[PDB]
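Trainee: So the chains spell out like this:
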Amino acid sequence: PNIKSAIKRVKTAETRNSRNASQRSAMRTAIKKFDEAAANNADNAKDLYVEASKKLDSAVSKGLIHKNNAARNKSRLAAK
Amino acid sequence: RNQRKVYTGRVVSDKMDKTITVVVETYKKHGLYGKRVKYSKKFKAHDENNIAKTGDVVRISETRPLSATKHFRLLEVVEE
Amino acid sequence: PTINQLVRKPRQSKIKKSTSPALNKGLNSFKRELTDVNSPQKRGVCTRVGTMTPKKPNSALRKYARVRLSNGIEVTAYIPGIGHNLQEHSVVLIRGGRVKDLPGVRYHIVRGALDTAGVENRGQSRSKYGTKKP
Amino acid sequence: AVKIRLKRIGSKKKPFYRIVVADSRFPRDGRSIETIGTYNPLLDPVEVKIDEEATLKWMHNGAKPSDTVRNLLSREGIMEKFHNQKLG
RNA sequence: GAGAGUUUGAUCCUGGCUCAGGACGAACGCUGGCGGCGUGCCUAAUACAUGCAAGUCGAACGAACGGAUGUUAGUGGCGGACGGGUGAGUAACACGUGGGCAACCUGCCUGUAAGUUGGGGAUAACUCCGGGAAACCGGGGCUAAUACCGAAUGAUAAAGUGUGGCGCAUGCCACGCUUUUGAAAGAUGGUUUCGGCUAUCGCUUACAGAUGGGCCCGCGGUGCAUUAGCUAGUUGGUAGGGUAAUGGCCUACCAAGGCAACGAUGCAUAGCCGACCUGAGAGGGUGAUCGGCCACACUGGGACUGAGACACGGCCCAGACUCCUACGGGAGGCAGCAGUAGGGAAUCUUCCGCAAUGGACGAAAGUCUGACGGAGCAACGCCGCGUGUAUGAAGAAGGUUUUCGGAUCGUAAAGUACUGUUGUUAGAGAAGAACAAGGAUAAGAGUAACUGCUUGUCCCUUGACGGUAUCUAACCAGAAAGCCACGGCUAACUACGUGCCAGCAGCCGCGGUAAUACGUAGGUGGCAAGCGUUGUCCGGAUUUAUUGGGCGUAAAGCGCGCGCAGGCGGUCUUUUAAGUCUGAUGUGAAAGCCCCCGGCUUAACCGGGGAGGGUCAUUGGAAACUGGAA
Ligand SMILES: [K+]
Ligand SMILES: [Mg+2]
Ligand SMILES: [Mg+2]
Ligand SMILES: [Mg+2]
Ligand SMILES: [Mg+2]
Ligand SMILES: [Mg+2]
Ligand SMILES: [Mg+2]
Ligand SMILES: [Mg+2]
Ligand SMILES: [Mg+2]
Numbered sequence: 002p003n004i005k006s007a008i009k010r011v012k013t014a015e016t017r018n019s020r021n022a023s024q025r026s027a028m029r030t031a032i033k034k035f036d037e038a039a040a041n042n043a044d045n046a047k048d049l050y051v052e053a054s055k056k057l058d059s060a061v062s063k064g065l066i067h068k069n070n071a072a073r074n075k076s077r078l079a080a081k
Numbered sequence: 004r005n006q007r008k009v010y011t012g013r014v015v016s017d018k019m020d021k022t023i024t025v026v027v028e029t030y031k032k033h034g035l036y037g038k039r040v041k042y043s044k045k046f047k048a049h050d051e052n053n054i055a056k057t058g059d060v061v062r063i064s065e066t067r068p069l070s071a072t073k074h075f076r077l078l079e080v081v082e083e
Numbered sequence: 002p003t004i005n006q007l008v009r010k011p012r013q014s015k016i017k018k019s020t021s022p023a024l025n026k027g028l029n030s031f032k033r034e035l036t037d038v039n040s041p042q043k044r045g046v047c048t049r050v051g052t053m054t055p056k057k058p059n060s061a062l063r064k065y066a067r068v069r070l071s072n073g074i075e076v077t078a079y080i081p082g083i084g085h086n087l088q089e090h091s092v093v094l095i096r097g098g099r100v101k102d103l104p105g106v107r108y109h110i111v112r113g114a115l116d117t118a119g120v121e122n123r124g125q126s127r128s129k130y131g132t133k134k135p
Numbered sequence: 002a003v004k005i006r007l008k009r010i011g012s013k014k015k016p017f018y019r020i021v022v023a024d025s026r027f028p029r030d031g032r033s034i035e036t037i038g039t040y041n042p043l044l045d046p047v048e049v050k051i052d053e054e055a056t057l058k059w060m061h062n063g064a065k066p067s068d069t070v071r072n073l074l075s076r077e078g079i080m081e082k083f084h085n086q087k088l089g
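Protein chains in written order, with PDB author numbering: chain u, 2 to 81; chain r, 4 to 83; chain m, 2 to 135; chain q, 2 to 89.
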């Protein structure tokens with residue numbers, strides 16, 4: 002850039018990207034653990050639902066996801 | 004409640020799955036030379052059970068979008 | 002006609018022709034494509050200069066110049082007034098106006114705008130023919 | 002934000018002002034939500050016209066004034082009024 | 001609702017061509033005094049020399065500077081998505097108007113209800129090392145938070161549910177039980193006793209609202225058929241995932257639909273509207289300036305960040321183009337304001353200030369703002385004012401002309417009297433300014449009370465324009481008029497010179513030795529700080545005729561039929577309400593046209609108020625006519 006503040010927001014945005022990407026990937030590995038375990042119809046899936054819902058609502062509170070998305074994902078998972 | 008749009012017309016085809024197409028046929032005034040013109044306009048009606056048939060008089064009403072084209076719904080079958 | 006006829010086809014007016022087609026066309030070297038723009042006057046470069054025999058009833062010699070305008074169109078322009086400064090490769094400014102005596106001329110040269118030096122010795126209508134006040 | 006402010010109108014070296022409801026974002030003389038009064042600083046008593054019931058309403062909805070619009074309201078007795086309606 | 005000229009020997013019709021009006025973002029020619037209001041790259045969305053256009057917070061944080069205030073380069077927060085530009089693309093839910101979302105979001109603003117509990121780990125800055133001219137890059141070590149990450153307690157978030165009241169199928173609203181999740185932070189300030197308490201600015205959860213957006217829909221607005229077929233996730237369905245949210249949005253499987261002569265598809269063109277110009281009106285053309293919406297920021301694509309972007313002055317990558325280099329390697333996008341080149345018939349100052357209005361940040365002081373206020377230039381336009389006023393003759397000098405007597409320029413001049421709008425000189429010198437902050441205090445809600453908060457009244461305060469407008473005096477007619485035409489159309493005629501030559505001309509047409517038509521002089525007419533020409537738009541043009549034309553001979557009846565589609569359809573009864581007609585409600589923004597008031601020395605201009613405008617929509621009525629039905 003060429004303005005004093007643009008470079009600042011590039012820094013800030015790369016930082017936030019790293020953070021929120023990590024958090025999303027963790028959320029989605031959780032959700033995939035759940036859906037694979039639920040496809041296999043195992044014992045662990047009822048705790049994995051909870052892990053996924055924890056990470057969904059935590060992501061909501063962190064801002065990286067919207068609450069209707071979190072709600073919908075809890076609904077669809079609960080439907081398994 | 005606020006109220007939705009309702010129309011009446013005639014059925015032209017049945018090939019589609021759980022739906023029909025309702026053709027509305029109104030006279031209206033040509034903008035410049037004043038004559039009445041047969042204006043026609045077909046819509047896709049949401050037929051929950053493949054009830055109606057070709058040659059059927061029918062009433063429809065609008066709703067949320069249901070396909071690429073549909074925005075309406077079957078309300079009554081006024082006259083076979 | 003019937004009203005149904007008039008609805009099946011509405012009316013269609015006449016296609017107007019301009020007195021001055023070449024003033025109503027611009028050019029851009031980039032696209033190399035003419036661009037319709039209404040213009041009052043254009044400047045050009047005199048290809049040729051000469052005299053004409055006009056129509057019946059008349060017989061006097063009429064001064065013209067074949068010009069290449071800014072937009073590339075080649076045009077015959079009457080040189081009104083007594084005497085002129087112009088010759089080959091002379092730059093000229095051009096307004097519209099039809100010489101009724103002369104077949105192939107449709108435009109005039111504005112006298113006094115550019116290398117078209119004003120008329121000599123004129124005292125009346127000086128704003129035409131482009132003489133200053135003395 | 003939603004703000005109550007002045008819309009500049011009139012001509013050069015002779016301003017006039019409409020008292021307007023608008024977003025912070027919109028332009029100075031751009032669009033508005035509702036205009037509810039007028040203002041003129043030229044005259045020995047500055048000439049204000051305000052509806053005051055819609056104005057109380059926009060304040061209850063949270064449309065805040067500017068500085069000069071606030072003090073026009075206060076010299077019209079509307080900010081006391083609005084405080085009086087905030088008392089309950 | 002005005003017409004005139006032009007075809008003929010003449011006439012009537014037909015038919016074209018031109019003209020008399022109005023308007024321009026105008027240009028050009030001649031000329032040129034001023035004031036007010038406005039407008040000013042329409043062309044090359046061509047390229048950019050330079051400068052300034054987005055910063056702010058020290059009451060978030062740590063370091064450094066400093067003789068406690070203050071300053072900073074950094075981390076962090078908010079804003080950068082507004083404001084500003086242009087109209088490239090775009091023939092479509094892009095725009096207008098009117099609805100729908102039971103299918104959707106929304107930081108900052110307001111209010112209501114709860115809560116800011118305890119801990120952890122790093123990371124810049126910094127210091128070193130190496131690189132590199134230097135910036136700036138890496139690697140190691142140290143460090144703070146309103147930066148980050150955990151937990152407990154809390155969901156009107158999910159899941160299991162049951163009751164009440166309901167809608168428009170999908171469904172909605174309210175209530176309650178069970179289970180599972182989801183939060184935070186401090187800073188300043190006072191007081192107290194030291195524990196505490198506590199105002200404000202912040203933070204977190206939920207609810208409402210307002211504001212801002214999103215999706216869908218009816219209808220409406222462009223030419224071409226010397227463009228008739230188009231489509232293949234294309235159309236529907238069952239499952240699934242995805243978005244803030246519905247949906248082929250996407251995926252898999254099934255069927256083979258769907259659109260289209262009511263003009264699909266394709267080509268070229270164009271931002272759309274309010275509105276502007278014209279017109280008796282219907283309509284015609286335009287989409288400058290002003291406002292709204294849309295789209296796009298060298299071209300293309302893509303995401304991150306964030307409430308909000310797929311971002312004018314952000315990122316990445318590809319492409320074009322350019323600049324600096326120490327030649328190792330770096331940087332950039334004026335359609336931001338000025339400005340430069342180029343193009344073009346053509347369009348502004350590389351100006352002042354944030355005093356005002358408005359926005360960003362901040363507790364605020366304040367800072368930032370080429371938004372905006374203003375000033376500059378251009379007779380580009382609209383309005384206004386002048387460039388003297390009076391008096392003054394059978395009538396000067398001079399010019400033109402002379403029927404040589406006169407006639408005219410002409411009361412014009414001269415001469416006399418007078419004035420100072422303007423000019424100049426010297427003096428005075430408003431509005432616009434509100435405030436904010438701060439200092440006082442009077443009342444409140446809330447406090448253990450203080451601090452603080454809200455409100456009332458005073459004080460104080462800061463002007464770029466600008467010593468600009470405005471006003472007073474003094475002096476001077478003194479320094480301030482030009483352009484076009486004069487055969488008809490159409491206002492206004494003579495003389496000379498020329499001799500179908502030179503030249504004129506919007507149409508008809510002038511000029512070949514006696515030219516009101518050419519050139520010049522005088523005089524006249526029309527206008528006047530402008531006049532004229534050119535270019536474009538409407539009208540006149542009933543010359544695309546819905547209003548409002550026609551086809552024997554003038555242009556115009558397919559050479560004639562058979563006939564799909566469409567258009568149109570005998571008489572009567574019942575039925576409806578598709579069209580029609582009608583009452584109510586809602587809206588059609590402001591500005592602009594129109595009417596009524598007011599203010600600028602009037603005017604232009606500006607303000608206030610009203611009215612109008614829709615083949616607008618919903619709801620409720622009539623059945624005469626068209627249409628549907630028996
Ligand atoms: K599709
Ligand atoms: Mg275009
Ligand atoms: Mg007419
Ligand atoms: Mg940006
Ligand atoms: Mg830029
Ligand atoms: Mg520029
Ligand atoms: Mg003669
Ligand atoms: Mg004939
Ligand atoms: Mg209006």
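Note that these hints are calculated values from the structure, not bench results.
One or more of the hints may lead you astray.
What the hints assert, rightly or not - Cross-link-like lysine-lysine pairs, in silico, PhoX-like; alpha carbons within 20 Å at most:
hint, chain 1, residue 1, chain 2, residue 2
1, m, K18, m, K133
2, m, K10, r, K31
3, u, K55, u, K75
4, m, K10, r, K32
5, r, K44, r, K73
6, r, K41, m, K10
7, q, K65, q, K15
8, q, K65, q, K82
9, r, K21, r, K47
10, r, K31, r, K18
11, m, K10, r, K38
12, r, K18, r, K38
Unchecked claim - One side of the interface only, derived from the structure: several residues of chain r facing chain m at Cβ under 8 Å:
hint, residue
13, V27
14, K32
15, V40
16, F46
Positions of the beta carbon are idealized from the N, C-alpha and C atoms, including for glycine.
Trainee: The structure should be examined with respect to each hint, and the outcome stated for every one.
Mentor: Verification of the hints:
no., hint, verdict
1, m/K18 to m/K133, "36 Å, violated"
2, m/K10 to r/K31, "17 Å, holds"
3, u/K55 to u/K75, "10 Å, holds"
4, m/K10 to r/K32, "16 Å, holds"
5, r/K44 to r/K73, "14 Å, holds"
6, r/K41 to m/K10, "16 Å, holds"
7, q/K65 to q/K15, "27 Å, violated"
8, q/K65 to q/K82, "15 Å, holds"
9, r/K21 to r/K47, "11 Å, holds"
10, r/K31 to r/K18, "31 Å, violated"
11, m/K10 to r/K38, "13 Å, holds"
12, r/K18 to r/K38, "36 Å, violated"
13, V27, "21 Å, violated"
14, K32, "11 Å, violated"
15, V40, "7 Å, holds"
16, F46, "25 Å, violated"
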